[PDB]
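Undergrad: Residue strings, one per chain:
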Amino acid sequence: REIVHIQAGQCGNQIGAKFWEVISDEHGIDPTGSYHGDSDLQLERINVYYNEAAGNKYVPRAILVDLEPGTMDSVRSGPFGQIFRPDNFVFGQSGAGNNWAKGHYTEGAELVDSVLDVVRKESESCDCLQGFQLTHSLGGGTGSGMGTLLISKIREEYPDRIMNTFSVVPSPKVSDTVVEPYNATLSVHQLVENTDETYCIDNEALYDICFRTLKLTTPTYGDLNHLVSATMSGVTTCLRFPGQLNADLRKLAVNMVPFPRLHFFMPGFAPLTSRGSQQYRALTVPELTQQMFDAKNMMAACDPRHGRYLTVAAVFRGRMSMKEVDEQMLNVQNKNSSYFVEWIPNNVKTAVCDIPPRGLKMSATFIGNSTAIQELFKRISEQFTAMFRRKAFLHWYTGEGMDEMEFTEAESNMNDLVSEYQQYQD
Amino acid sequence: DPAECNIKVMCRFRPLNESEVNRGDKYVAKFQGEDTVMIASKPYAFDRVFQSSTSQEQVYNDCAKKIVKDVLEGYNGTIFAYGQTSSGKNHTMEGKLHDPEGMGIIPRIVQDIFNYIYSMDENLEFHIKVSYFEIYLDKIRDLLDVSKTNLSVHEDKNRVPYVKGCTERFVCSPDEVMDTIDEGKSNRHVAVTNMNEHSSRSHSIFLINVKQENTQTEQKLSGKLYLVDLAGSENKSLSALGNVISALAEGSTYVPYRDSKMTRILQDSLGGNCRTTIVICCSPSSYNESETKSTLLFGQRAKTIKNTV
Amino acid sequence: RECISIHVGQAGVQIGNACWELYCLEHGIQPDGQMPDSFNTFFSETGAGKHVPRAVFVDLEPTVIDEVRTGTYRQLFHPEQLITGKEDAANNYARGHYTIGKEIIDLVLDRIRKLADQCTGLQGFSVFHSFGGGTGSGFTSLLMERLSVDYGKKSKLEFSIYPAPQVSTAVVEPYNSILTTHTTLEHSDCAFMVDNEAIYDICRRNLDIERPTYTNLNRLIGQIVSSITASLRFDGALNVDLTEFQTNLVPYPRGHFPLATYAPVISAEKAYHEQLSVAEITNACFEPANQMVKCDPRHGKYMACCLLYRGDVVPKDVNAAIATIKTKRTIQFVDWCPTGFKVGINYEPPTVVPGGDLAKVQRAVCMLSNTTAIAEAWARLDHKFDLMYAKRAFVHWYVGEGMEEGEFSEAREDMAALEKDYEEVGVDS
Ligand SMILES: Nc1nc2c(ncn2[C@@H]2O[C@H](COP(=O)(O)OP(=O)(O)OP(=O)(O)O)[C@@H](O)[C@H]2O)c(=O)[nH]1
Ligand SMILES: Nc1nc2c(ncn2[C@@H]2O[C@H](COP(=O)(O)OP(=O)(O)O)[C@@H](O)[C@H]2O)c(=O)[nH]1
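Residue numbers (UniProt numbering), protein chains in the order written: chain F, 2 to 427; chain W, 3 to 236, 255 to 329; chain D, 2 to 37, 47 to 439.
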């Protein structure tokens, strides 16, 4: 099987560097080097993310889409930056304006064809394609607009292969941009109707989880990114490993989406202990479920405790008892019968790889489909209206060839999306 | 708003035929009362059950007649023909377009609208527009204009949905409408190897917009009537339709129109304050007991009599 | 004489690798195929010095069949007999049965027609699947389906691992198991059932270990199964053919599902303790805590049991140990059934893994049976289904895979008459 990553925008891009920083080491691939793999198993399934050309050069099969040179020229001028074949860099030296409209209708719409071109060169690579990984932020141009287009096109070209989306939904407390809800509401819209698996991460849900669950005092972006990339590795790549009970994107999809919206999840990693001290090793297993299922530790902003779950997928990856795994999951399902929805006898989807995260003994990625994420699109949707009402920075959109009915559309859509999700919380 | 889910369902069983009798064919359907049909000893009640001999006239009167009045009344409505291929959907919807006896629901509707208009002609100024398009593989193609392919649904300023770029033709008379239908039928054909397969697979949608303004009263009225000949049930739109009907039947505040392009276009005419008649057609014939069961079940999604447990 | 076997679904393959292991282990055939008729009803003498496998392996993800062609045993099967569809598994019936699973079937069949020819007057195909899976539920559904027509004139005993009563895995499981039951029902001869959870209990209560790897449950069924084919197709003082089963085991055409049970489950480390009496093991068979199935005889009246014994057993010991039972009454057998006790005696005692956790006695009782008990197990699994179907839950996943409101609703009605069937054939006189 296979997949083809997609680094839309700067963020989605910045993260690319971290997702690939990791993944590679979790596959023994040095900058341009080959497979130094401490083992021999980190190779029989690599294909999922690379391509064979030389014999020591397995190149990441991702796409780097962005209308701001400097960015990709920071990712390509640093560490692992020199492993991507230049063909991968689909830049847009234009003005990468922070407008969803500027990267979806006017500026991005041009650079698109020169992207799809490659997304096809990579898809028609070899063997059988599974789906595409998509990273980006719903709070900017090259991210929400142009990346949200990249998919609307992808999903017309292969409505068969899957589409996981890793979105950095606009954090609450403080917005790292101003129109944010504009660029956001507009991209979520496109998401709820193309990709079929979305993993929403919040820069501040991370800080928290990174400053209190990792006594880490100076959580640089690199970190946040790093933590995130840690989860997306547990998801995909991982399951493309052996296991007593293994799954793969689809299983994950076909066990997690009760209703076609596409629904968004909230990823959570397992061993998340501070370096030295904490290295408690309390990782027998009840310790991992202890972790994963708590409020804090959910990369999302919202707290599960604020709304039932529809599905859950503990994708563990480290030798354990299909008994102490299958078992724990249960008590968990009974101690919290309250929030776990009922019309699904077994919400949880236990998954079990074998080999764990390179240096760790036992981990377990968590992919939750809780109704709690209602209380986020609400947020976003609110911010919109409060500012849409006055058409705040709307001239930067319309003046870029947009529509007063376009914004209406998205909000509503994504706004209805909130509605539905409640239809199950009850 | 009005009743909420003003959905009526009529089951129409196709005539028995000499060929079928010659074959010796075998027996699904038993009848009880106006409303019920029994298959495999299980009763299914509906608003009405029409046996094999029922006339086009009977179907129109029971199914369509009131809806047409509502449209003239200024309300929207939808009529569907649902069933397996060769169930009798097209016969029911169109029948023989020109034959006074043979004609189906659509011709009868057109006739009734104009006749009503001719009668009024006082201070009411009418305007009738028609659209004819099909949905295949969840894609919309204009039957009036073959160039318009893969059309997209949009909502206007006031939430009304529309098919962007879909041809809208103003029709003066019944003849004009029939010609339009004939044109659409012709246009359908081209680039199609197998019409049978194509016809069963693509939902045909005929839209009649009747607008009128009384010069004196100045009250203006507009009504849309969507006539739909669905794809064979033996499909994304069908499933979408099932979900919408069930939701309406439940009395749910939120209906799943977004699930298909068809349901999205139909949103203003289906459910809410609109009348909807679904004519499920079935063969009495032996094999597809199973398909009829499905059709009956689908009709059941809307609200009927619920049995005791 | 022989009985091919088709291990379908990762699980049916893991269990397969296991049951397949126990085999050579008690037949002196190293993983290299070579040993230094009898058992020919499960192994073809490709010449020659080797043995090979008299079965096949069907999974839509390579992962699991791949591992077989890594670990010793790698040498055992023919590179050919292990079918794969690089494509996608999908924990959904539909896709596995219809859409995807279809593409492979032909090819699959081909082997069970190519392997079915090579032999000499066979008896049937021991099928190994995991009810609630994608490749296991769906696929087989049509595999067994295409068999019942191509060889209606044989035995179709499918050995299933039906849904843990509370500890299921897949979120949809029931969708996949109400569908593998209805499609296979009108095609199997006798369906053996081994409950994944109810086997754990045995690992907790009758062997002590909270560390049971799947690799264990497999060693277990891998045992109970060895008692079915292996040893039985093997000479003895009271041989029992495969046909024998279905005949002495199914009272009615519904591909009736008996339950597998084993007697001596005791952990190594106990290995020295004085062995158990012919009477004790016999009695252990009537305990609802030792039956590889969460169908505790909560009321289910047995209606036929096939007590397969192996090892040192005196026919009188049996034709007495059973007599004592026939008169315990609290073990109430069906009415319309005077005597429903097929005593199968083999010679060679069991053969425990060199160092797993199985005691290793010199006699065992793999008793299987049809019990009005499953009236439950099916019930509890059917109900599940409704709850979700009642909301369509993951329905869009099948529809979009060449299925319809028909197949579900019409397979529900199916089992409905399986809840009435297993009710009527009992509880009444
Ligand atoms: N006893 C036993 N049960 C197993 C084993 N592996 C899986 N199972 C059970 O069988 C079911 C799992 O089926 P899956 O592995 O998800 O699927 P599959 O049937 O192989 O086919 P697919 O869904 O397409 O992957 C669960 O109920 C498991 O508890 C095994 O090795 N032994
Ligand atoms: N986790 C994370 N968030 C980022 C990174 N870079 C920008 N962001 C977030 O992305 C949003 C800004 O969008 P941006 O990526 O600049 O848009 P674009 O570059 O025009 O497509 C803010 O909410 C930031 O917190 C990053 O490297 N990691």
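Please keep in mind that the hints were generated in silico from the structure rather than gathered at the bench. Ideal Cβ placement from N, Cα and C applies to all residues, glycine included. Hints are supplied without guarantee of correctness; some may be wrong.
Facing chain F, according to a computed beta carbon distance under 8 Å, are these residues of chain D, among others [unchecked claim]:
#, residue
1, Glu77
2, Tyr161
3, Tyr210
In silico DSS-like cross-links for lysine-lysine, where the CA-CA straight-line distance does not exceed 25 Å [to be verified]:
#, chain 1, residue 1, chain 2, residue 2
4, D, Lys112, D, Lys164
5, F, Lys154, W, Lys141
6, W, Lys159, F, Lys379
7, D, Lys280, D, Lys164
8, F, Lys154, W, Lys323
9, W, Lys150, W, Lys131
10, W, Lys323, D, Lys401
11, D, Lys370, W, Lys44
12, D, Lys112, W, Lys44
13, W, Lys98, F, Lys154
14, W, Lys44, W, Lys68
15, W, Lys326, D, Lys401
16, W, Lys10, W, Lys150
17, W, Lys256, D, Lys112
Undergrad: Each hint should be assessed against the structure and marked as holding or not.
TA: Structure-based check of each hint:
1. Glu77: This interface hint holds because 6 Å falls under the 8 Å limit.
2. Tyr161: violated (33 Å)
3. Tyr210: Holds - the Cβ of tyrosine 210 of chain D comes within 8 Å of chain F, reaching about 6 Å at its closest.
4. D:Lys112 <-> D:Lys164: Given pair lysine 112 of chain D, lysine 164 of chain D holds - Cα atoms ~24 Å apart, limit 25 Å.
5. F:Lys154 <-> W:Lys141: Given that 25 Å is the threshold and the Cα spacing comes to 16 Å, the pair holds.
6. W:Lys159 <-> F:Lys379: holds (24 Å)
7. D:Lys280 <-> D:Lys164: Violated, at roughly 42 Å.
8. F:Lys154 <-> W:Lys323: violated (40 Å)
9. W:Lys150 <-> W:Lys131: Holds. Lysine 150 of chain W to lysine 131 of chain W sits at ~18 Å (cutoff 25 Å).
10. W:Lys323 <-> D:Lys401: Distance ~16 Å between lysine 323 of chain W and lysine 401 of chain D Cα, so the pair holds.
11. D:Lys370 <-> W:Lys44: Not OK: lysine 370 of chain D and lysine 44 of chain W at ~57 Å, beyond 25 Å, violated.
12. D:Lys112 <-> W:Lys44: Roughly 34 Å separates the two Cα atoms, so the pair is violated.
13. W:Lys98 <-> F:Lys154: violated (43 Å)
14. W:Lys44 <-> W:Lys68: violated (31 Å)
15. W:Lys326 <-> D:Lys401: Between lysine 326 of chain W and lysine 401 of chain D the Cα gap is close to 17 Å, so the pair holds against 25 Å.
16. W:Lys10 <-> W:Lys150: violated (34 Å)
17. W:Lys256 <-> D:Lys112: Within the cut-off at roughly 22 Å; holds.
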